[PDB]
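Visitor: Given next are the chains, with one letter for each unit.
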Amino acid sequence: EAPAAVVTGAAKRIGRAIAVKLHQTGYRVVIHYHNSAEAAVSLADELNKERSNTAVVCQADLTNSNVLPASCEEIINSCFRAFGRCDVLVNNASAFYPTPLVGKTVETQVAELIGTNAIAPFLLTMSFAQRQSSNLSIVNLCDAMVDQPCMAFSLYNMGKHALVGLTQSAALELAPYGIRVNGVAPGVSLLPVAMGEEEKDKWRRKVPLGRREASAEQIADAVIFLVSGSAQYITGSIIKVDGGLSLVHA
Amino acid sequence: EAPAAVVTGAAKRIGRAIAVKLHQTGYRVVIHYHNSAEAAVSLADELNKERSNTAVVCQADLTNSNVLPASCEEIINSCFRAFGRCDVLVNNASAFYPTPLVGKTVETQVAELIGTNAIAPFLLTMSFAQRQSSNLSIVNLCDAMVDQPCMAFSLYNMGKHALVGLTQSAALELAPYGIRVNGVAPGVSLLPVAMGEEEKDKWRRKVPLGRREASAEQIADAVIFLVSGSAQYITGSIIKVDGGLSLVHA
Amino acid sequence: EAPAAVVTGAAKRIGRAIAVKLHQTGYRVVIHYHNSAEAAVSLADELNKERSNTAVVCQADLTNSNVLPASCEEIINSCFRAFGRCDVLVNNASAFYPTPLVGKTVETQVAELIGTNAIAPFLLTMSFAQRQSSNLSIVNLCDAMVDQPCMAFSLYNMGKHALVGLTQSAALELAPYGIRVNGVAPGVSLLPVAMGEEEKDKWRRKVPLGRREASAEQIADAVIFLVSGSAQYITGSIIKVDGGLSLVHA
Amino acid sequence: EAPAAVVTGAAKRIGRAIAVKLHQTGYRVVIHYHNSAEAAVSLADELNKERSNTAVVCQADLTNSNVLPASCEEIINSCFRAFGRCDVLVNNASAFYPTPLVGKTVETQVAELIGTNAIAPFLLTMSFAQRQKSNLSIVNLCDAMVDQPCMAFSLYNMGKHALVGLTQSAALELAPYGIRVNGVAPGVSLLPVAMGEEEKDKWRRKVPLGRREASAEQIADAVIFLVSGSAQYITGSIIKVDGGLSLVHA
Ligand SMILES: NC(=O)c1ccc[n+]([C@@H]2O[C@H](COP(=O)([O-])OP(=O)(O)OC[C@H]3O[C@@H](n4cnc5c(N)ncnc54)[C@H](OP(=O)(O)O)[C@@H]3O)[C@@H](O)[C@H]2O)c1
Ligand SMILES: NC(=O)c1ccc[n+]([C@@H]2O[C@H](COP(=O)([O-])OP(=O)(O)OC[C@H]3O[C@@H](n4cnc5c(N)ncnc54)[C@H](OP(=O)(O)O)[C@@H]3O)[C@@H](O)[C@H]2O)c1
Ligand SMILES: NC(=O)c1ccc[n+]([C@@H]2O[C@H](COP(=O)([O-])OP(=O)(O)OC[C@H]3O[C@@H](n4cnc5c(N)ncnc54)[C@H](OP(=O)(O)O)[C@@H]3O)[C@@H](O)[C@H]2O)c1
Ligand SMILES: NC(=O)c1ccc[n+]([C@@H]2O[C@H](COP(=O)([O-])OP(=O)(O)OC[C@H]3O[C@@H](n4cnc5c(N)ncnc54)[C@H](OP(=O)(O)O)[C@@H]3O)[C@@H](O)[C@H]2O)c1
Ligand SMILES: Nc1nc(N)c2c(-c3ccccc3)c(-c3ccccc3)[nH]c2n1
Ligand SMILES: Nc1nc(N)c2c(-c3ccccc3)c(-c3ccccc3)[nH]c2n1
Ligand SMILES: Nc1nc(N)c2c(-c3ccccc3)c(-c3ccccc3)[nH]c2n1
Ligand SMILES: Nc1nc(N)c2c(-c3ccccc3)c(-c3ccccc3)[nH]c2n1
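Chains as they are written, first to last, in PDB author numbering: chain C, 2 to 103, 113 to 142, 151 to 268; chain A, 2 to 103, 113 to 142, 151 to 268; chain D, 2 to 103, 113 to 142, 151 to 268; chain B, 2 to 103, 113 to 143, 152 to 268.
To be clear, the hints were calculated from the coordinates, so they are not data collected in a lab.
Every residue, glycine too, gets a C-beta built ideally from N, C-alpha and C.
A portion of the hints provided could be inaccurate.
What the hints assert, rightly or not - The calculated label-pair distances, taken between Cβ atoms and stated as ranges, are:
#1 C/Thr115 x A/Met213: 39 to 45 Å
#2 D/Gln25 x C/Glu47: 56 to 62 Å
#3 B/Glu217 x A/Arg229: 48 to 54 Å
#4 C/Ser151 x D/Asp219: 35 to 41 Å
#5 A/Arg86 x C/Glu217: 38 to 44 Å
#6 C/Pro194 x D/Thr26: 29 to 35 Å
#7 D/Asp219 x A/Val211: 47 to 53 Å
#8 B/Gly85 x A/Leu208: 50 to 56 Å
#9 C/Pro194 x A/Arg229: 57 to 63 Å
#10 D/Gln25 x C/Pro99: 36 to 42 Å
#11 D/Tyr98 x C/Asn67: 53 to 59 Å
#12 D/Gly196 x C/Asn153: 30 to 36 Å
#13 B/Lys13 x D/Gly196: 41 to 47 Å
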């Protein structure tokens, strides 16, 4: 019987690339999404054409709130409902925007940035563990630049640092259950179409390895390694996939 | 005119030592507290008996909620209303208890642990910066053991990692205003007197330097250095005060 | 045609497992060794029996001295002599023994521990670089416990820290050549066969994931990943393969 | 009776500033130097004019070699011979020049960069500890930028990483003797007066806190803190004194 994986924020970009690689490797997938309903269903369709009844969608807001634990529990539940098991959780969904210290209220900024980058991963990790020759693991999408943060992104950066802490704490606590918990830390990966090509090229020129951003596939390759039998002794590790960006001084 | 400082969780233990030592150095202090009202007031009395009009109290819950930004704005405002300035912020208040992955609801555990240790510090930082020759700084009480966390303390450890992120991010962002942002990271300090003799001895025996915990005053000494004119180029630094504990393998 | 790899200290234990996996993946290998001539010759024989003239041996002391640069240059030369190319360098050889601060002279201890763990890697890196679809990379065998070092192993730990610095520096500097430079950081692996099982068990008991040391093959799996086409944007990254050991407090 | 300190590379720049501040604090000092004889003697003269019999010079090359351990032993011995005690060691002396991977021989580059920055500190630390076999401590001058190194400075960076390892290993091992071991990590400080102005300003512009380099006295300030009675529980800590430089992404 095929194993199953939940990928958060999997309608597009890096999360989709990860869901696709897992599905190709043989996983059944839960494609979680928030607003990108069309994209999520379109991916589920593609994947189901390849192999029937191997993909489902699950909509959830991962903003912090008093019902977030319920939402996270329901994401894990949807994998068990659809596939009878949940082997892998990938925490990929992430809000990202500036929150300067000097339209959204600060309450909202705190809830969205901390919720998606840290608290939801924690609550998904709880639910994944509680609901349990298998190879169970969790992969967190971290950030290679967490110690050299973008100006005015404090809440986003706090969230990513907390996700490091969770990766470590959960690796330690879930080790007795056979559940490995690791991370992948992109540098600069999929640049948005809508960026001034002046601005995209400015990020690209910063990367020592090729003067280019990582492809989604390159990030997903590291995820697939960590979930593989080739990483059976690896837990609490964060693999940077940054082309050396984080090594470059100002 | 004397500079003024806000110390959160200052009614006892390490926060009290930090308030006392700042006061001894010449600061006027706002004693923030949550439940320890009698000890907060008694400290204020003692400090005011020493120099008139140099200490006030400000009560607030720093649990995460939709009213926390206002609570944090009021803590900073209390310094201005009393003393007409606010030169130093010390983020010391902290909830600490286990939150296993497998009475409080999980949403309360998240609000308390992430609120006190990370979000409140962030909102207090926003309010402090927004209100601003001078020697302005912020000191965050971090944790020397953040990469080797206690078993079953994921949320606390998440909060403390986030606080590292805030320290770095706010140092970078506030440096143009001349506001330094640093941290002090205790190991083990002030073991609860009701913790077991076996359990205390076990922690003490692990500390390389002197096989004993730090006094509150030793933690406060590092805070004082960071706020002083002897640390005028220091920003985004976290000083461990741990007797070498974090260096000891399992 | 087939790529070629140099593995230092490859006659036994982890280095041998690395050379065998590389070979199995289709690499031709230089098997470098120092004292273990029988094991190195025998390993080359076994691999050549599998595919004709796909392995060679090369002896060299990698102790620091005035002839170490020529020695290292000759190891890289030996790969080109045998195979006309050198795509991968794995810095695995390592002296490991205590050097207390309070029958070898201290200058010999310095020379062996810093030579094998850092200086020889740097010199090999230079010679490798100087000689250069393509997929070139270096993997350095680091140590997951470098920040929580064994008591009285200062010189070893200094060497391993130096090796981290080389991994970063060389990743930055060799990126323009498309040479990636990464590390693998074992926790406890392949405990000495001669170590009593009861001492083996003291280390084993520390490991959260499975209360077991890593196999040589598990270490080798991380090396294989890093040299593979699935790691082509990864440079300056150190992958811990430690079962959570470095996460455990004293 | 006054305590005594050895400061290596103390004739000029940051070491000189550290020796001066230690002397103003009440220490007698050994001013170690290599080539800057006139500067060293001029400094000793000036400190002795302030307090008779409180400063000596000690010449030694700290390049790695088979006699480096005897040279390091003689430096420590010079302090006991002049003052009858040695309370503080500051490892400040440092060779700094590029060593690219692709007039000095490489043997010499290795001996100078690894000797001065790492091996001499280790040997001096041994001789220090053995002569003690009060508030005894060691301060190592580290580098805030060691994870974002200068292009083509691999050996210097390996040296400085090794020095972090020494700081940690020695703090752990010397703690039972009451000897604390810490570091101060400058970012950019005291630019060579002769460095081109455009290059000076290129570095200055990078620093968030004031867009300027640290003064030598600001670096000394943090050394003075670490040797003081206000840092009695601090060991194995490295204090960055960098104006936020290390926080800035490429
Ligand atoms: N791209 C990079 O260069 C880079 C760099 C560093 C780290 N990373 C990390 O790698 C991961 C993937 O990066 P990316 O660029 O692919 O991510 P992204 O496009 O910015 O976001 C991924 C998904 O997060 C989901 N999301 C956003 N807010 C949400 C909310 N409130 N509730 C639930 N889901 C929400 C969105 O789902 P819908 O579209 O369905 O609404 C979005 O498609 C992230 O964790 C990111 O931080 C990426
Ligand atoms: N003690 C150690 O060994 C150690 C180790 C690592 C880090 N630290 C850090 O050093 C700092 C001080 O340590 P500590 O042991 O002195 O702290 P603590 O005694 O555990 O807590 C300090 C204060 O935090 C306040 N607090 C708790 N929950 C709160 C809430 N919901 N809202 C507002 N305030 C709240 C409490 O105020 P009331 O008493 O007024 O309710 C309490 O007095 C903390 O940040 C801690 O994490 C300490
Ligand atoms: N085993 C662990 O748990 C562990 C933990 C952390 C890091 N690591 C690292 O992973 C790598 C492999 O570990 P291991 O346990 O397999 O290593 P090892 O058996 O201790 O050493 C590997 C080889 O290093 C070679 N070597 C030693 N001194 C040398 C010298 N002066 N010149 C040239 N070669 C020399 C030896 O070659 P000959 O036998 O031919 O003389 C030896 O077989 C090492 O870098 C090690 O530090 C291992
Ligand atoms: N300046 C900065 O911005 C900066 C940045 C990061 C770290 N640091 C660290 O802070 C410390 C002081 O920096 P600095 O700029 O003042 O240092 P520096 O001027 O570059 O070097 C200090 C002294 O090192 C001594 N030295 C060099 N080679 C030697 C050898 N082979 N044997 C013995 N002594 C030798 C020299 O003594 P003689 O003059 O007597 O020959 C020199 O005066 C160093 O450890 C440095 O790495 C400085
Ligand atoms: N959820 C999410 N989405 C993103 N698009 C990013 C990015 C990012 C930022 C700039 C260019 C490309 C990607 C980054 C990022 C952060 C710091 C440095 C580089 C990229 N983090 C992101 N997280
Ligand atoms: N707010 C708060 N209060 C505390 N009492 C602690 C402690 C702590 C944990 C054990 C003994 C003494 C102190 C710790 C702690 C955490 C990790 C390792 C060691 C101590 N953190 C704390 N935070
Ligand atoms: N070259 C070499 N050989 C080794 N055998 C080791 C070890 C080591 C240490 C203890 C048990 C097994 C292996 C370790 C090691 C170091 C620090 C913590 C744990 C293991 N490093 C080694 N390096
Ligand atoms: N012994 C020694 N001397 C030095 N002059 C430096 C410097 C340095 C590099 C550039 C400007 C000013 C100082 C640096 C340095 C290194 C990396 C980043 C920034 C400064 N390290 C030094 N070490």
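Visitor: Could you check the hint for me, namely that B/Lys13 and D/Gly196 are 41 to 47 Å apart, CB to CB?
Guide: Taking Cβ atoms as reference, B/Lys13 and D/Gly196 lie about 42 Å apart, which means the hint holds.
Visitor: Do the Cβ positions of C/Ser151 and D/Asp219 conform to the proposed distance bound of 35 to 41 Å?
Guide: Hint violated: Cβ distance 26 Å, outside 35 to 41 Å.
Visitor: Quick check: does the Cβ-Cβ distance between D/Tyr98 and C/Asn67 fall within 53 to 59 Å?
Guide: holds, 57 Å
Visitor: Check the following: the C-beta atoms of B/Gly85 and A/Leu208 are separated by a distance inside 50 to 56 Å.
Guide: Because 39 Å falls outside the window, the suggested range is violated.
Visitor: Just to be sure I understand the hint, the distance between the Cβ atoms of D/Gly196 and C/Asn153 should be within 30 to 36 Å; is that true here?
Guide: holds, 33 Å
Visitor: Take a look at whether the Cβ-Cβ distance between C/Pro194 and A/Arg229 falls inside 57 to 63 Å.
Guide: Roughly 30 Å apart at Cβ, these two residues miss the hinted range, so it is violated.
Visitor: Please check whether D/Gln25 and C/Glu47 have a Cβ separation lying inside 56 to 62 Å.
Guide: Since D/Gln25 and C/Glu47 have Cβ atoms about 35 Å apart, the given range 56 to 62 Å is violated.
Visitor: If I claimed the Cβ atoms of A/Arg86 and C/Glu217 lie 38 to 44 Å apart, would that claim hold in this structure?
Guide: holds, 40 Å
Visitor: Against the range 48 to 54 Å, how does the distance between the Cβ atoms of B/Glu217 and A/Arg229 compare: consistent or not?
Guide: holds, 50 Å
Visitor: Regarding D/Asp219 and A/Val211, is the given constraint of 47 to 53 Å on their beta-carbon distance met?
Guide: Violated, since D/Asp219 and A/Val211 (Cβ atoms, about 36 Å apart) do not stay within the stated range.
Visitor: Do the Cβ positions of D/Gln25 and C/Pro99 conform to the proposed distance bound of 36 to 42 Å?
Guide: Since D/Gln25 and C/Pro99 have Cβ atoms about 49 Å apart, the given range 36 to 42 Å is violated.
Visitor: Using the Cβ atoms, figure out if C/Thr115 sits within 39 to 45 Å of A/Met213.
Guide: This hint holds: roughly 41 Å between Cβ atoms.
Hint check: violations occur at hints 2, 4, 7, 8, 9, 10; the rest are consistent with the structure.
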